[PDB]
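Shown here is one chain on its own, the form deposited in one PDB entry, set out as structure tokens.
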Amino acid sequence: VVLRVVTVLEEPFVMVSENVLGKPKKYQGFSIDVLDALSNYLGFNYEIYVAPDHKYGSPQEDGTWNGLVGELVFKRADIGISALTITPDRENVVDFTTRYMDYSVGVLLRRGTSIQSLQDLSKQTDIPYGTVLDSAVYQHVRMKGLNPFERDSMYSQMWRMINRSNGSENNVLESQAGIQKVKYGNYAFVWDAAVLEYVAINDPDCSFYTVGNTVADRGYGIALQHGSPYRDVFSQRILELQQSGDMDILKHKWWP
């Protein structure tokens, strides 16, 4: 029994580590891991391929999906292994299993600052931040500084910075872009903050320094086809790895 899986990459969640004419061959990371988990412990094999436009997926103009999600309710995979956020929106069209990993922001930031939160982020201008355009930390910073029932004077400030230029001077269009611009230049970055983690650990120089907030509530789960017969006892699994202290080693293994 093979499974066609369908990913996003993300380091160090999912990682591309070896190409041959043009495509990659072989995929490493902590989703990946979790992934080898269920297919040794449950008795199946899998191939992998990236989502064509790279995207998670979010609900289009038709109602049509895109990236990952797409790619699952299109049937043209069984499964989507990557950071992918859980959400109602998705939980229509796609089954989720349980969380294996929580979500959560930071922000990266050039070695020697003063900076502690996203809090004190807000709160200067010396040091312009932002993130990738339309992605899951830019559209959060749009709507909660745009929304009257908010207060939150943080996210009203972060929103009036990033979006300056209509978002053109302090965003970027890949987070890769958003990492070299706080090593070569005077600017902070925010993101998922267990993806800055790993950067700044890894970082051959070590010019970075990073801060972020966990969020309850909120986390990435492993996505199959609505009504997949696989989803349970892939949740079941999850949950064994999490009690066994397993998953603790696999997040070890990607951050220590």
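Residue numbers count along the first chain shown, from 1. In this text, the rigid core denotes the largest set of C-alpha atoms whose superposition between the two forms falls within 1.5 Å. First, how it differs from the form deposited in another entry.
When the two forms are superposed on their rigid core between the two forms, the C-alpha shift of 2 Å or more among 199, 38, 51, 69 belongs solely to 199. After superposition on the rigid core, displacement of the C-alpha of residue 224 between the two forms stays below 2 Å. Taking the rigid core as fixed, one finds a CA shift for residue 180 of 2 Å or more between the two forms. Taking 2 Å as the criterion, residue 153 counts as shifted between the two forms: its C-alpha moves by at least this amount when the rigid core is aligned.
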The other form holds:
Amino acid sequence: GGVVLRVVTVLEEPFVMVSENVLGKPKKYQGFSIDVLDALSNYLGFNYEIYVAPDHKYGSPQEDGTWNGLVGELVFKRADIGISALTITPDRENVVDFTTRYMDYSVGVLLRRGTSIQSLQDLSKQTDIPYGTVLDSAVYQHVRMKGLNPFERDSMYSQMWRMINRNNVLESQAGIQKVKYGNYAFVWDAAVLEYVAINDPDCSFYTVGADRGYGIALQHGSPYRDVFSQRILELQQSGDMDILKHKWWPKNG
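Switch from the form deposited in one PDB entry to the form deposited in another entry and give that structure.
Here we give the lone chain, stripped of any partners or molecules.
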């Protein structure tokens, strides 16, 4: 009778993916973050049940200072653990506690084959192909912060903020669909976009693009954080974290 921890997530390939099911046979989740979660579950002896953030968002600080999304679920005490493709950021570290990272994060751009965008810089220099990101996400917040900083050294960020300031989507799937079928470029996690590009049945895409990382979020003060971070470091040191990565990014495009 191990305690059942409530895990809040956002669906996002290949980090957390569902298998939908029929006739009362249980819905199951899989992916890189589920494997890491499982490695931790097996170690602490907890069970868990997963639910998706009700608003389908990662979360960002709102006009009135409250948090929504996955990060908000933690702040509002609705969950014990938050895990997805969740980017560790200083603003989020203000209201929840992150583990050490279990994988590096970077920003990429998903583009339709036949376009001629070779860099995030080129993308920002035009307005013809419209572009954007997922609302209430770390990308949105980062582009805003850098784009509004007069002392930012790369002028691309100000150009991006002009375009993005709410061209955005509610969920990454919508952004991917817009690139595929419309006239759009989608700015999102490189790890997600690499997986999407290499697995697209039509090879419709290419991508262009480690100072931030993916982390497990816990309520502030949680006694799981140190224990998790220890287990994460162990997994990295042994090569086991790399084995997990290769399972989900076996880069064979």
